[PDB]
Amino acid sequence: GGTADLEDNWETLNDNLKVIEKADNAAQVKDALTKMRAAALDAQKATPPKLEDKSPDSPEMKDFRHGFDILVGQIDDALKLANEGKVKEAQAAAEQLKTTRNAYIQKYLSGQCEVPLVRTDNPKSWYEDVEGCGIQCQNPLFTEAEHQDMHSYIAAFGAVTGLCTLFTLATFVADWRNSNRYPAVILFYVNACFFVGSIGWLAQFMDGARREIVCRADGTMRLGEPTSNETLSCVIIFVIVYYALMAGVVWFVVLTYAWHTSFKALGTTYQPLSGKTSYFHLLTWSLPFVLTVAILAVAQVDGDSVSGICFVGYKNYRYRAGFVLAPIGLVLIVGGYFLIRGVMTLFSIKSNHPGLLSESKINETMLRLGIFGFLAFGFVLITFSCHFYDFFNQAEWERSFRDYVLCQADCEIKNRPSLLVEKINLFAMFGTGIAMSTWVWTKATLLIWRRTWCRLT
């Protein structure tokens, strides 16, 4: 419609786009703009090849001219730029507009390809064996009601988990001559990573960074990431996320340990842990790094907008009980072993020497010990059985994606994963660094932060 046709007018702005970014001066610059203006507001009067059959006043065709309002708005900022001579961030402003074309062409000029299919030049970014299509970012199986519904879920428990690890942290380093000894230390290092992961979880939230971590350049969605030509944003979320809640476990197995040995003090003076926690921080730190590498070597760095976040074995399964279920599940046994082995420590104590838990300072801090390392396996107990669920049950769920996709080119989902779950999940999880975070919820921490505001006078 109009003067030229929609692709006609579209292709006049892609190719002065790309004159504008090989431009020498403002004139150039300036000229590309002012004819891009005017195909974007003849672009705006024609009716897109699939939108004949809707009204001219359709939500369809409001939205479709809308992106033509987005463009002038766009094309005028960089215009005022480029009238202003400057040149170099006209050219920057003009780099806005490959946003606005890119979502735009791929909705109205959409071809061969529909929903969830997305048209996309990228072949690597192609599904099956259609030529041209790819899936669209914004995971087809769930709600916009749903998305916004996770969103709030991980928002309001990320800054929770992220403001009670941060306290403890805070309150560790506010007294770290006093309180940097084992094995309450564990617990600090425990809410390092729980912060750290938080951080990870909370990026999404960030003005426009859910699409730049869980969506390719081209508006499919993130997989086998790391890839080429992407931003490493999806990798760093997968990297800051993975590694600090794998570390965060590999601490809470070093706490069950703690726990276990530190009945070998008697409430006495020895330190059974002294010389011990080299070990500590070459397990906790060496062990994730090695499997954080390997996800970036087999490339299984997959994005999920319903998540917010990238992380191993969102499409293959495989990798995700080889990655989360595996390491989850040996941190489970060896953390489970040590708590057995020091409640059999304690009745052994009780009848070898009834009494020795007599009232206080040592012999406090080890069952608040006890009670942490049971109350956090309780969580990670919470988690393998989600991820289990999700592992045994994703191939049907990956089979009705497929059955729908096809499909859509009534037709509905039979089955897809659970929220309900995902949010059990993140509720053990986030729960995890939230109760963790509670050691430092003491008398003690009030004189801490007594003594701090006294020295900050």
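Numbering follows the first chain given and starts at 1. Definition used throughout: the rigid core is the maximal C-alpha set that superposes within 1.5 Å between two forms. Compared with the form deposited in another entry:
Shown in the overlay between these two forms, fitted on the rigid core, is a CA shift at residue 317 smaller than 2 Å. Annotation: Cα of residue 74 displaced by at least 2 Å between these two forms, core superposition.
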Given for the second form:
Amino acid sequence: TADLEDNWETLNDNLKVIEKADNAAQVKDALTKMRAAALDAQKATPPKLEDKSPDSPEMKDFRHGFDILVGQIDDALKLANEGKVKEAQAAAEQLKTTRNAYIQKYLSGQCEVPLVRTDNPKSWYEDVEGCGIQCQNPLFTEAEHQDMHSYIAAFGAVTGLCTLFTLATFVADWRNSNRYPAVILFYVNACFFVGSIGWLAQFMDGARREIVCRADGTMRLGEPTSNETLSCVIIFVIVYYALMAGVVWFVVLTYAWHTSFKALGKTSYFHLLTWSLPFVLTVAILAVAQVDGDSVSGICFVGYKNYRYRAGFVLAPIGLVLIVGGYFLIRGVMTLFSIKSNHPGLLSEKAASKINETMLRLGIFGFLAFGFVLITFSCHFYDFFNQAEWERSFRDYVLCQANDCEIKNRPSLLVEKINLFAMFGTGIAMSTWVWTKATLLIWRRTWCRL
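So that was the form deposited in one PDB entry. Now I'd like the form deposited in another entry, please.
Just this one chain is shown here; partners and other molecules are left out.
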């Protein structure tokens, strides 16, 4: 009925009355007028969002900020009706916080897209006071975000269910399956399963915004931070630790294949050699606070803002597992070449058929993992080689939108999809370790246990 600008001024005016009021009747009346102006403001469409759908995320977030505000006005009203003026004034002072962190960005004029109005100085973009970078990655369209989300949902669900089956198959036969070198594939699978949970957490109701955005709607950058939720650092820890634990268990896989010949139980502190390196690296990223959120990937990761951190903590360790894993695979084929030439009557003897089965299967999984890890490496390499320029194009676009503006260059979502194909694909390929006639018997034995 009334204009949004007037409704906003009614909120300002009545807030002044509450703080300089001596009685709860003046507070009650000011809050009642605020509740009316908040609800009517909720019905209005911000001037910036006239081209936007009423069911669009910007409009839904706009309306949500007033839902929080109306609840807080109602909380202040039960206090005022209790004759608690001091407490009602205190609750009313919290309306300023909500108005400024959630709604203000839709009533500004001070900031221009992709910048967003926020009173939080820790959220401000470089030297621009009062404005922070919007949570939604400004270099990619809503259509490119949604296409990417459907892509992660699909690949993430498939990897999650495949790896979960392999884990369930292993624990069902844990007495007979927890034996080296077979149990290496159990931990490889656990790594990609936990990793998938990390990638899939964004698909829960309102989870992507909780993970990737700051409470004031700006993008999560340089986490761990003060007065922000733990959702970002949790997703990063799940994704990054599982990713790094996965490439380390891959080296163990190549090592097991390289030593499967010298040999033809063994469950000791092997875990110390595998879980330590991703722990130290994860802890190092948390101490240097280079954890950032991203709306298109829907996760929190390292080196999204500053590419060097992705190069140091993702590219370089994966490059080292490739050269170490590659070494054990080459040495493994040389030993296979040696045993085939020097002793032709080893693979030509049926006496050790169980040795021939496990060694051939180990090598297949070892080389398959290597190929996918090499694709994963190449995509992080393209990103390392080009993100300095992309960061400059990001900053240049964001800045002339304040003072037509073009995006010179941007990250490639295709390269990201290839990386995810190879990353989730390792998880799906490694899960086929349990896709044998022997596991059909394990689930039959599990069914006959009731």
